[PDB]
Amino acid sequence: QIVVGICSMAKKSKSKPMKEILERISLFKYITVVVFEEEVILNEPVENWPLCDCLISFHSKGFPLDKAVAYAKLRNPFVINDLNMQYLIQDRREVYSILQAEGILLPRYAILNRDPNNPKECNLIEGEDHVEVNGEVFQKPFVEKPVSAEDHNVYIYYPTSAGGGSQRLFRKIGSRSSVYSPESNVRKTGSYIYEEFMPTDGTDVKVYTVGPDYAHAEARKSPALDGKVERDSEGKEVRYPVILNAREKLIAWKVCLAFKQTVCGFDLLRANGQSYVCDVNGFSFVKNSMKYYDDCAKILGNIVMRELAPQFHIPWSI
């Protein structure tokens, strides 16, 4: 049988969507799924990791990407989500750089790099209602994102005309995804991307690809101006229906290919009659959609069969 190896932290490998999708992939007659134990990933050298013919592997906090890369070099499996690109996905500067090169619309932005080596170096000037970054003016409202994509402490600064202060976003704690601060001055230490605030209807469009020709999208309330998480009478976070237009289906095709991540999530801001990518997250599954589980598993299984059936001498059509 063709072995599909799953290599990620246990929180990811044992998540409900993963388990649901792996169940369905296992339904393919000629595929066996092997899920790598976290103790093995963390503690064993790659020479002892299980064999696989196709590798689905992805970084999250604590994951040794260096080892996954070394495993792939050692065993040369068919890789679903490219491993080296996952270093770049961790850095918002690298993400924005790739997006620009693909001709993908994104917010106007400037990178402020703080090198602690040089103290004479100053590339940001702050005024009451704007910053100047590398000589470029960003009037409030603007967004300030840590260069680390894993750092979810993204701030938004309000104009004096709106009451000033700032909204501090963070990884969702229970009932809140952000909070207002009276602080009107930008952060003094660290490197950041400053970007123009894009006016939307108050929602984010979340896109989930499974290869470049399949994209699932849904909307959620933005944490931008209000941190209170919306919850249904059951208890789940409230989501809204979305159908991607032609332009957006093309954005999805480009993002999937440009980052070499078969399974990829990214965010769109629908503003001023266009759609702007603000964030590229890499490996991401939809939660609580049976149709997504069905489609994702079928697409992945078909990708594996198409690629590997020939060398395994398995009958397979188109």
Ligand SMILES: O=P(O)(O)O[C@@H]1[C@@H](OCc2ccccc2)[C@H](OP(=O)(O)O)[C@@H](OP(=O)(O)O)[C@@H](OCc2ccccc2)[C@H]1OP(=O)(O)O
Second form
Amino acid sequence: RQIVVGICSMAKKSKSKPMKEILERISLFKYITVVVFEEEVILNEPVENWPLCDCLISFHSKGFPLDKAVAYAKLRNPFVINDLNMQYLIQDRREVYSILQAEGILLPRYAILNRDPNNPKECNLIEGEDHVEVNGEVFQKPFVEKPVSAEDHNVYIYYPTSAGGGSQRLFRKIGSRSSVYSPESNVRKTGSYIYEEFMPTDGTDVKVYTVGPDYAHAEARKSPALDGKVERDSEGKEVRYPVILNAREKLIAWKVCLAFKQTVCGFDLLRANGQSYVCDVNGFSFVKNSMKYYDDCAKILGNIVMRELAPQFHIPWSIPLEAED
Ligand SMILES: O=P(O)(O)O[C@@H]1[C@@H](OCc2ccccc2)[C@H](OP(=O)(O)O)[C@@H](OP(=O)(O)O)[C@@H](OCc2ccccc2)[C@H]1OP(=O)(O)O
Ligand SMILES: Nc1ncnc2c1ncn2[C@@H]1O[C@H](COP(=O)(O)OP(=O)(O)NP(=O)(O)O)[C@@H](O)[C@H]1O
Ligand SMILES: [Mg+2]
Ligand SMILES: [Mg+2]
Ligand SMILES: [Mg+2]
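Alternate state requested, the form solved in complex with this ligand (shown: the form deposited without this ligand):
So here's everything in the complex, that chain up top.
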């Protein structure tokens, strides 16, 4: 019998072009059958009625019942590609940063401001014109202010007086824009935030996409900290710039993939001051518009499934070679 790979995510993800590109390729594996769980089933059926699988690829996005996925994995005990419980922690930037620190991964100097919504003024924040003090720790402008919820993309950057003051307000892309300037120079007064040092890059962010700990694709985009206008080619796709990871960065990718237990993992790197700093870990994420990524990702995922489960199924399997980039 076939080894069944189950895909469990919201339909927007399960029917996305990159998902479909990868699944058609995984399906080329002789002994693998792919089953995509229907969103209506995920949302409305108890987990006892969900399809069986031997290997589970499942990940959280908006509206996804992560508690049900975890209960399904508990019930059926499949081989899990991206750990489900870690996906609760990935929603909280404080937990992400704590894991990165515990792994010796360079990240911006930071402090957490936890604010009681009942007594918002009592928290340990002192604000000057050109700096803040968070639990006594000083951040000179420019600094970054991130909501503790990793799903809240309202990240603000505060400029020093020497550069005109005010702030850049980033947000989930709305059309041709990913940020805007604001004359406001004072920090937000409601909510809990991570404050961190601004790392000077060349104006680009590096996005890294792992498929297991030994393969990572990287590419760069214009930072929204810049001016907020999204760069587009004549075709209307967002401009992306080529990146090859250095030896240190390839190790970063290995560590992030393993520490978060996300085989398929996206994260952000800031190249600054001759080092590379992780500033965000997003979990499950596919590269778009690269035929070579689709090929490599599907092959790697298929080989992981076979290596783990071929002996159980008495299917003969010799471990092949695999790419890094
Ligand atoms: O609801 P918001 O937190 O504000 O943002 C959603 C995106 O969901 C982010 C999210 C929220 C909760 C958990 C994980 C991820 C969601 O991402 P995904 O998790 O579905 O990938 C995003 O879609 P995409 O990544 O495809 O751009 C938007 O969802 C629109 C939406 C749909 C249904 C109800 C509300 C909102 C977007 O909504 P708006 O455009 O109205 O802000
Ligand atoms: N410490 C920093 N120094 C300089 N730039 C930063 C810093 N932190 C964040 N940024 C910039 O601000 C952007 C958004 O911050 P990030 O921590 O990536 O938030 P996000 O909202 O989780 N993004 P994503 O989940 O990738 O959609 C980054 O891509 C960088 O361009
Ligand atoms: Mg097949
Ligand atoms: Mg990011
Ligand atoms: Mg993020």
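We call the rigid core whatever largest set of C-alpha positions still superposes within 1.5 Å between the two forms. Positions refer to the first chain, counted from 1. Shifts are known only where both forms have a C-alpha.
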Superpose on the rigid core, then report which one of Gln100, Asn118, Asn76, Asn134 has a CA displacement of at least 2 angstroms between these two forms.
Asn118
